[PDB]
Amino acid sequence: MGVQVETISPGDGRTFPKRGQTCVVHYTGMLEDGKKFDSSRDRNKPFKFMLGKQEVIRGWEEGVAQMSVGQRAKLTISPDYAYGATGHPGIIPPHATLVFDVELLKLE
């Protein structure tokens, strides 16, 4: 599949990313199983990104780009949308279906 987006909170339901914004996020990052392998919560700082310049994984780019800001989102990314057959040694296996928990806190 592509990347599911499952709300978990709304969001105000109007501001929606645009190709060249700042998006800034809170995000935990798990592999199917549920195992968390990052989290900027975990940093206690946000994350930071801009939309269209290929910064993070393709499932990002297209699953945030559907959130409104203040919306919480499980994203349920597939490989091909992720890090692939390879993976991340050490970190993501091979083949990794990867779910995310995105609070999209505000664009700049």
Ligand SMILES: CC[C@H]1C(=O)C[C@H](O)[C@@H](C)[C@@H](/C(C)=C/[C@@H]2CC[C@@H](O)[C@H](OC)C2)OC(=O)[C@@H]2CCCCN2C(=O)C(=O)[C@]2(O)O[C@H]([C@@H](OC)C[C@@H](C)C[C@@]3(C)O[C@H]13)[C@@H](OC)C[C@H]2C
Given for the second form:
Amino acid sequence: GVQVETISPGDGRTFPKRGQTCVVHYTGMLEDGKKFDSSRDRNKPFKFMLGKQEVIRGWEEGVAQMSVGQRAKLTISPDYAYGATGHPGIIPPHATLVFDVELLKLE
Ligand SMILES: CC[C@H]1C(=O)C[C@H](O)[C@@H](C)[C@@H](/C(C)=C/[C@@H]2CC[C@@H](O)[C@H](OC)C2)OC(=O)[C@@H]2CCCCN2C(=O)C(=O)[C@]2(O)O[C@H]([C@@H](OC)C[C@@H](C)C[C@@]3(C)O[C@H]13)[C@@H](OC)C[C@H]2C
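Please supply the corresponding structure for the form deposited with this ligand bound (the preceding block corresponds to the form deposited without this ligand).
Up next: the whole complex, starting with the chain shown before.
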């Protein structure tokens, strides 16, 4: 599944709801912490709408448990990420992933 570990607290009150657009900054790492992507590197917050099947399962479930302003480390098992397929050249088959995510706002 997904483990959610707080890096910095949010407001503890305002959580994503289906149909809202989550605006986040993230860094994606392989299991050992090696970075493969970051929205921070491109100076571009990432937006996705909850309930629209736009993201891997670990994000859909993990980000929903974050409150606005929170930073969290999401450790996502392969079944909740890219599974057996992986994503050739970026994500190995059967990879556990770690994302640092900051929930900036809901739009
Ligand atoms: C069409 C191009 C469109 C896109 O990729 C949309 C797509 O849905 C994205 C949002 C989705 C993802 C790749 C789903 C798969 C669909 C196939 C299905 O089999 C898979 O199931 C297991 C899941 O991403 C995710 O769920 C997760 C969680 C949210 C953050 C991104 N995610 C990551 O894992 C990353 O960090 C990663 O580096 O992000 C980059 C990134 O581009 C720099 C994507 C956007 C920022 C840019 C966008 C919108 O422009 C693309 C990505 O590039 C191709 C490779 C991955 C490894």
